[PDB]
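There are 2 protein chains.
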Amino acid sequence: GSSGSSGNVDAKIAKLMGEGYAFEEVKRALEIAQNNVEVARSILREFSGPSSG
Amino acid sequence: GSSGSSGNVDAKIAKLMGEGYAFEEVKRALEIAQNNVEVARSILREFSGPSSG
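If you read the sequences in order, they're chains A and B. Per the deposited numbering, the very first residue in the first sequence carries number 1; after that it's consecutive. Per the deposited numbering, the very first residue in the second sequence carries number 1; after that it's consecutive.
A couple of the hints might just be wrong.
Copies of the same chain look alike in the list, so a pair counts if it fits in one copy or across any two.
Straight-line C-alpha distance at most 20 Å; calculated DMTMM-like pairs for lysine to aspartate or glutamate [as the list claims (entries may be wrong)]:
#1 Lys12 to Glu25
#2 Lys12 to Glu38
#3 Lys27 to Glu46
#4 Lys12 to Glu24
#5 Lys15 to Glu25
#6 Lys15 to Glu46
#7 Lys27 to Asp10
#8 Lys27 to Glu38
Hints in this document: simulated from the structure, not taken from any laboratory.
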């Protein structure tokens with residue numbers, strides 16, 4: 001992506017919440033992930049594990 | 001740090017292992033962290049979260 005050294009936090013939370021996760025879980029993921037969306041998606045994947053099919 | 005665009009993976013695994021975590025745990029943490037030591041620490045703090053004092 002165009003920038004990889006911080007920027008915003010709330011926009012990232014909104015991003016991950018759109019994947020179908022609760023705000024609380026997302027806030028946890030962005031905290032741990034040093035506020036990175038690309039990285040937070042892996043955290044929520046582990047803590048939730050969504051289905052498909 | 002000075003540079004964060006991915007890089008060698010072994011050099012990251014071998015770093016977190018020196019903290020006190022097992023290979024299994026470290027390799028996992030790095031994969032979740034998009035192979036980044038700085039974020040892997042926060043992940044190991046969630047799967048282990050060791051004590052001090």
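Results of checking the hints against the structure:
no.	hint	result
1	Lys12 to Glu25	within (13 Å within a copy, 26 Å between copies)
2	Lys12 to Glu38	both (9 Å within a copy, 19 Å between copies)
3	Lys27 to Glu46	both (15 Å within a copy, 14 Å between copies)
4	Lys12 to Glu24	within (13 Å within a copy, 29 Å between copies)
5	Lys15 to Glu25	within (12 Å within a copy, 28 Å between copies)
6	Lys15 to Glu46	within (17 Å within a copy, 22 Å between copies)
7	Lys27 to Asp10	within (9 Å within a copy, 29 Å between copies)
8	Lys27 to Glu38	both (14 Å within a copy, 18 Å between copies)
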